[PDB]
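**Student:** Using the sequences provided together with the hints, build the complete structure.
4 protein chains.
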Amino acid sequence: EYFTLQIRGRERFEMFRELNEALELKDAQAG
Amino acid sequence: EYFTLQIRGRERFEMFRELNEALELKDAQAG
Amino acid sequence: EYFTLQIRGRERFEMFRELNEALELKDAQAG
Amino acid sequence: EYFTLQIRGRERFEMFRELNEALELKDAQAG
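For the record, the sequence lines run as chains V, L, X and Y. FYI, in the UniProt record's numbering the residues of the first sequence are 326 to 356. FYI, in the UniProt record's numbering the residues of the second sequence are 326 to 356. FYI, in the UniProt record's numbering the residues of the third sequence are 326 to 356. FYI, in the UniProt record's numbering the residues of the fourth sequence are 326 to 356.
Since the hints were made in silico from the structure, they are not lab data. A hint or two may mislead.
No copy is singled out in the list; a pair is fine if it fits within one copy or between any two copies.
Claimed, not checked - Distance condition first, Cα-Cα at most 25 Å in a straight line; then the derived DMTMM-like pairs of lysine to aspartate or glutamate:
id, residue 1, residue 2
1, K351, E336
2, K351, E326
3, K351, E339
**Tutor:** Here you go:
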């Protein structure tokens with residue numbers, strides 16, 4: 326299930342995007 | 326400028342939503 | 326109960342510090 | 326340079342620990 330979050334500010338968006346990509350990379354390997 | 330981030334998983338979405346709301350509350354007061 | 330997390334990199338530390346302060350401000354008011 | 330952040334609450338600590346480990350895994354590979 327996918328959800329969408331609206332974020333205000335380019336810098337804030339960049340931060341959350343990096344954190345989300347980091348979590349997805351962790352899962353793809355698992356650990 | 327608003328951006329939208331697609332997140333996978335209800336629990337992950339809840340976490341990012343709380344973090345985003347926390348940052349917005351901090352800004353509304355400023356500090 | 327307090328815990329301590331060791332973080333590598335000033336920029337990363339700044340980011341987590343802002344996020345942690347944001348969550349604490351949210352709790353102090355509650356919502 | 327390593328920094329230390331004091332966090333209140335086991336659940337909050339768990340969340341930041343997962344996020345920090347995710348960022349470190351991303352860097353170890355780079356991307």
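**Student:** Determine for every hint whether it applies to the structure shown.
**Tutor:** Hints, verified against the model:
no., hint, result
1, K351 - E336, "both (23 Å within a copy, 16 Å between copies)"
2, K351 - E326, "both (18 Å within a copy, 24 Å between copies)"
3, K351 - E339, "both (18 Å within a copy, 15 Å between copies)"
Comparing the model with each earlier hint shows no violations; every hint is respected.
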